[PDB]
Amino acid sequence: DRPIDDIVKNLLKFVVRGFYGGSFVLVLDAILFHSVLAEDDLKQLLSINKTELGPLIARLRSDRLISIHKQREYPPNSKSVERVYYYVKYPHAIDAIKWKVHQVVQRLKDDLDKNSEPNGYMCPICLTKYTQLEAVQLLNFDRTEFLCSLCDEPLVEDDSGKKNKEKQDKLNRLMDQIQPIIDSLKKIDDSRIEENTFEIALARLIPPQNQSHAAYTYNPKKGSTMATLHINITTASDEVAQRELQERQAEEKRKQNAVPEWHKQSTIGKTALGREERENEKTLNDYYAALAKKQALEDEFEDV
Amino acid sequence: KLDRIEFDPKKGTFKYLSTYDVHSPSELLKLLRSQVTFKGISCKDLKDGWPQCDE
Amino acid sequence: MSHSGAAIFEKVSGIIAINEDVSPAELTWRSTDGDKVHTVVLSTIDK
Ligand SMILES: [Zn+2]
Numbered sequence: 002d003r004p005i006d007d008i009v010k011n012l013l014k015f016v017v018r019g020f021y022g023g024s025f026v027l028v029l030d031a032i033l034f035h036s037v038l039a040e041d042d043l044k045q046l047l048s049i050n051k052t053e054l055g056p057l058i059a060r061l062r063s064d065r066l067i068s069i070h071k072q073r074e075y076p077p078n079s080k081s082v083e084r085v086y087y088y089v090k091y092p093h094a095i096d097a098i099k100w101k102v103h104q105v106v107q108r109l110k111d112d113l114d115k116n117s118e119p120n121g122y123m124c125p126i127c128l129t130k131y132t133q134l135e136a137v138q139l140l141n142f143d144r145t146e147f148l149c150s151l152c153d154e155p156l157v158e159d160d161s162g163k164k165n166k167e168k169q170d171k172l173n174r175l176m177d178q179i180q181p182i183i184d185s186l187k188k189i190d191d192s193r194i195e196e197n198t199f200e201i202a203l204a205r206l207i208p209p210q211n212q213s214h215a216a217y218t219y220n221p222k223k224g225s226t227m258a259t260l261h262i263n264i265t266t267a268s269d270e271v272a273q274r275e276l277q278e279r280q281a282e283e284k285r286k287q288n289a290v291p292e293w294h295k296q297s298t299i300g301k302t303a304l305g306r349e350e351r352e353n354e355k356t357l358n359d360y361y362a363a364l365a366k367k368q369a409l410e411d412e413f414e415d416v
Numbered sequence: 165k166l167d168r169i170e171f172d173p174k175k176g177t178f179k180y181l182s183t184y185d186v187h188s189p190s191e192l193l194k195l196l197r198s199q200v201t202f203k204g205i206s207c208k209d210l211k212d213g214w215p216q217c218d219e
Numbered sequence: 001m002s003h004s005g006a007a008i009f010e011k012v013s014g015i016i017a018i019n020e021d022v023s024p025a026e027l028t029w030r031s032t033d034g035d036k037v038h039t040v041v042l043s044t045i046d047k
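Residue numbers (the authors' numbering), protein chains in the order written: chain W, 2 to 227, 258 to 306, 349 to 369, 409 to 416; chain X, 165 to 219; chain 1, 1 to 47.
There's no promise every hint is true.
[Stated by the list, open to error] Pairs of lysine to any residue, SDA-like flavour, derived with a Cα cap of 25 angstroms:
1) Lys203 (chain X) to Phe15 (chain W)
2) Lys211 (chain X) to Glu191 (chain X)
3) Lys194 (chain X) to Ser31 (chain 1)
4) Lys71 (chain W) to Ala7 (chain 1)
[Said to hold, decoys possible] To give an idea of the interface, some chain W residues facing chain 1 are shown, with a C-beta separation under 7 angstroms as derived from the structure:
5) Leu113
6) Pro208
7) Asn211
[Stated by the list, open to error] Here are a few chain X residues that face chain 1, going by a calculated C-beta distance under 10 angstroms:
8) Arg197
9) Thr201
10) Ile205
None of these hints come from the bench; they were simulated from the model.
We treat Cβ as the ideally placed atom computed from N, Cα and C, and that holds for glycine.
Can you make the complete structure from the sequences, with help from the hints?
See the structure below:
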């Protein structure tokens with residue numbers, strides 16, 4: 002259908018295949034394939050456990066990847082269990098993905114910043130950090146070793162700071178792998194994204210199984226403030272008939288707009304009111362033939 | 165007459181037939197491609213007929 | 001898009017598709033689980 006829909010489906014598939022485990026990929030692909038799905042639909046399609054889908058749904062809700070709808074309907078058996086519908090909010094999902102990747106790269110940039118300073122000094126007996134600014138006042142008079150205030154122990158140099166190139170390589174290995182995400186959001190930001198909801202996702206649903214316990218039809222509630260073409264073919268003979276009709280409405284219109292007899296004529300002179350060629354043409358055709366031989409569940413209805 | 169066993173009239177050979185008649189990985193990809201739903205393919209009947217499916 | 005859609009026929013889920021390019025056009029209902037496939041010929045439609 003919409004190429005942008007295929008693009009954002011590729012976004013969701015790639016981010017769940019990259020930053021999430023296989024079962025997350027399974028549930029996200031199930032929601033991407035069948036647009037609206039309930040818990041029994043997932044348990045039927047994937048044969049998944051409730052305790053198995055627990056952390057999956059919790060993580061995908063915390064990352065705003067799957068939207069939950071708390072609508073209950075009225076089945077014929079009236080056992081209206083509170084079924085939850087799992088669908089996707091495409092603008093919310095792409096905003097969450099963009100925010101997460103931006104926060105990851107910003108946190109990595111901050112980690113690179115905090116790794117950019119010199120090493121510092123560690124006390125392993127007390128396991129205490131010491132920066133270069135606060136270790137100035139702990140030296141001895143011998144001018145040999147950094148002595149701790151508590152342990153009075155020879156301090157050792159941190160291995161941090163020398164891992165600056167390692168964090169830079171981590172940034173390089175993150176950035177080229179996330180390049181399809183950036184390239185796809187370049188096309189997304191240059192396009193228009195419609196705000197979908199449960200009702201919008203109902204327009205593009207795929208049936209998960211034959212018999213679904215949860216009804217997909219939306220039930221509104223009061224108090225919730227949360258044409259035809261017809262042609263006429265005439266074989267050049269009935270035109271006189273349509274002109275006969277036209278003059279017949281013409282003459283009845285002139286009759287209904289005519290003056291009455293008592294108006295155009297004076298009524299005072301009358302009393303006061305009170306209480349065969351077929352054989353010929355056959356012989357003709359015979360003569361021409363001889364000549365040519367010679368020279369040669410029920411609801412209410414309307415009709416739409 | 166049973167559909168579980170297929171008989172070849174040109175060769176006189178009886179072979180085992182399964183519900184998921186897959187004997188090659190290409191046939192497995194064709195079976196997954198033919199799925200209209202996202203239902204998983206059970207490996208219980210995949211052992212039936214075609215002897216090995218794990219590797 | 002308009003010619004294809006999810007449907008429930010005889011309390012059975014399926015897909016309605018319009019086989020319009022064939023003459024005459026048909027309305028094909030396809031079972032989701034593959035149980036039964038039914039085509040309606042559109043030459044005998046009254047209402
Ligand atoms: Zn110490």
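Status of each hint after checking the structure:
A hinted pair counts as satisfied when its Cα atoms are at most 25 angstroms apart, and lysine 203 (chain X) with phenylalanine 15 (chain W) qualifies at roughly 21 angstroms. A C-alpha spacing of about 14 angstroms is found between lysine 211 (chain X) and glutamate 191 (chain X), which places the hinted pair at or below 25 angstroms, so the restraint holds. A distance of roughly 19 angstroms separates the Cα atoms of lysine 194 (chain X) and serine 31 (chain 1); the hinted pair therefore holds under the 25 angstroms criterion. For the hint pairing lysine 71 (chain W) with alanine 7 (chain 1), the CA-to-CA distance comes to about 23 angstroms; that is within 25 angstroms, so the pair holds.
The restraint placing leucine 113 (chain W) at the interface with chain 1 is violated, with a minimum CB-CB distance near 49 angstroms, outside the 7 angstroms limit. Taking 7 angstroms as the C-beta contact cut-off toward chain 1, the hint placing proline 208 (chain W) at the interface holds, the least distance being around 4 angstroms. Among the interface hints, the one on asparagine 211 (chain W) holds; its C-beta lies about 5 angstroms from the nearest C-beta in chain 1, closer than the 7 angstroms criterion. Of the supplied interface hints, the one on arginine 197 (chain X) is violated, with its beta-carbon coming no nearer than about 15 angstroms to a beta-carbon of chain 1, more than 10 angstroms.
Because the closest C-beta pair between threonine 201 (chain X) and chain 1 is about 6 angstroms apart, less than 10 angstroms, the hint holds. Because the beta carbon of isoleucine 205 (chain X) sits about 14 angstroms from the nearest beta carbon in chain 1, more than 10 angstroms, this interface hint is broken.
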